[PDB]
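J.: Okay, here's what each chain looks like letter by letter:
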Amino acid sequence: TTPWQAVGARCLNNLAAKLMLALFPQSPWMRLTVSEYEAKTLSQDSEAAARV
Amino acid sequence: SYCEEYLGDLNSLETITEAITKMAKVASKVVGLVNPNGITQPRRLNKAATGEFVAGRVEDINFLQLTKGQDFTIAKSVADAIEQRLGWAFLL
Amino acid sequence: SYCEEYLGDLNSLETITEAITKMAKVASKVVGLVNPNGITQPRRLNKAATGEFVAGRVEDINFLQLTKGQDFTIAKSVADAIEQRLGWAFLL
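As you go down the protein sequences, you meet chains A, B and C in turn. In terms of my numbering, the first sequence is residues 16 to 67. In terms of my numbering, the second sequence is residues 1088 to 1179. In terms of my numbering, the third sequence is residues 1088 to 1179.
One thing to keep in mind: the hints can contain errors.
Derived DSBU-like pairs (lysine-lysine); straight-line CA-CA distance at most 30 Å [stated by the list, open to error]: (1) 1163/C / 1163/B; (2) 1163/C / 1116/B; (3) 1112/C / 1109/B; (4) 1155/B / 1116/C; (5) 1116/C / 1112/B; (6) 1109/B / 1134/C; (7) 1116/C / 1109/B; (8) 1116/C / 1163/B.
Here are the simulated distance ranges between beta carbons [stated by the list, open to error]: (9) 1155/C / 1097/B: 22 to 32 Å; (10) 34/A / 1113/C: 36 to 46 Å; (11) 1099/C / 1171/B: 39 to 49 Å; (12) 38/A / 1110/B: 51 to 61 Å.
These aren't lab readings, by the way, just hints derived from the structure by calculation. Cβ atoms here follow ideal geometry from the backbone N, Cα and C, with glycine treated the same way.
The shape of chain A in the complex, shown without the other chains:
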């Protein structure tokens, strides 16, 4: 049965849409980084961090 008011549905749908728009974008949401100063103590050239 239909409730006497129609204010809850709008709010719930709006929040559900916005939360997913913020949480899961099209561009990647990860980084997979490597520690610094460990390339520095091991590299021998100025083009190692870029390649990694």
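Guided by the hints, dock chains B and C onto chain A, whose structure is given.
T.: Quick look at chains B and C alone, frame taken from chain A:
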């Protein structure tokens, strides 16, 4: 289906538009009332021509009218709100 | 859950809206009222035609109507305040 969530609103609106229309169809009928303790006679008004002097008084003739007061604006205002509430959900 | 914190407001809004709606289906019923200590008879107003002259007075007919005073604006304004309060928490 998706239309089953809003059946109550449509059933509510269709019960007020009908009454509003019926009132307008009833308030367009002409009935004239002649007071029976007076001196004017409908037989002289009915058989006269355009631009003619007859005998009578203008205090004995009156018409019937619907005199419901603030029972029209309330229904109009509620039906107006339901329409916008139903239009916010179908992307109009 | 997140909707736990806002249940009383929704309950109050529903309670007020039900009465506001149901007071509009009572003001859509037509009932005439004829004064028994007068001279007009309801049998003549019912068998007439679209334009005719009948016998009676206009002081003996009047219609029933709902005369609730300043008990509509108060409830309406409180309902709007509650709705506006709820709108700020769900990013509408």
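J.: Give a verdict on every hint.
T.: Cross-check of the supplied hints:
With a C-alpha separation of about 15 Å, the suggested pair residue 1163/C and residue 1163/B falls inside the 30 Å cut-off, and the hint holds. Simply put, residue 1163/C and residue 1116/B have alpha-carbon atoms about 37 Å apart, too far for the 30 Å limit, and the pair is violated. Between residue 1112/C and residue 1109/B the CA atoms are separated by roughly 15 Å; this keeps the pair inside 30 Å, and the hint holds. Our distance criterion of 30 Å between C-alpha atoms is met by residue 1155/B and residue 1116/C, whose separation comes to about 10 Å.
Only pairs whose Cα atoms come within 30 Å are accepted, and residue 1116/C paired with residue 1112/B is accepted, the gap being roughly 15 Å. Note on residue 1109/B and residue 1134/C: the hinted pairing holds, with a Cα-Cα distance of about 19 Å set against a maximum of 30 Å. For a cut-off of 30 Å, the pair hint linking residue 1116/C to residue 1109/B stands: about 11 Å separates their Cα positions. About 14 Å separates the Cα atoms of residue 1116/C and residue 1163/B, which keeps this hinted pair within 30 Å; it holds.
At roughly 27 Å, the beta carbons of residue 1155/C and residue 1097/B sit within the given window of 22 to 32 Å. Between residue 34/A and residue 1113/C the CB atoms are about 43 Å apart, so this pair conforms to the stated range of 36 to 46 Å. One distance hint, 39 to 49 Å for the beta-carbon pair residue 1099/C and residue 1171/B, is violated here, with the actual separation near 22 Å. As the Cβ distance of residue 38/A to residue 1110/B is approximately 54 Å, the hint placing it in 51 to 61 Å holds.
Of the numbered hints given earlier, the model fails hints 2 and 11; all others are met.
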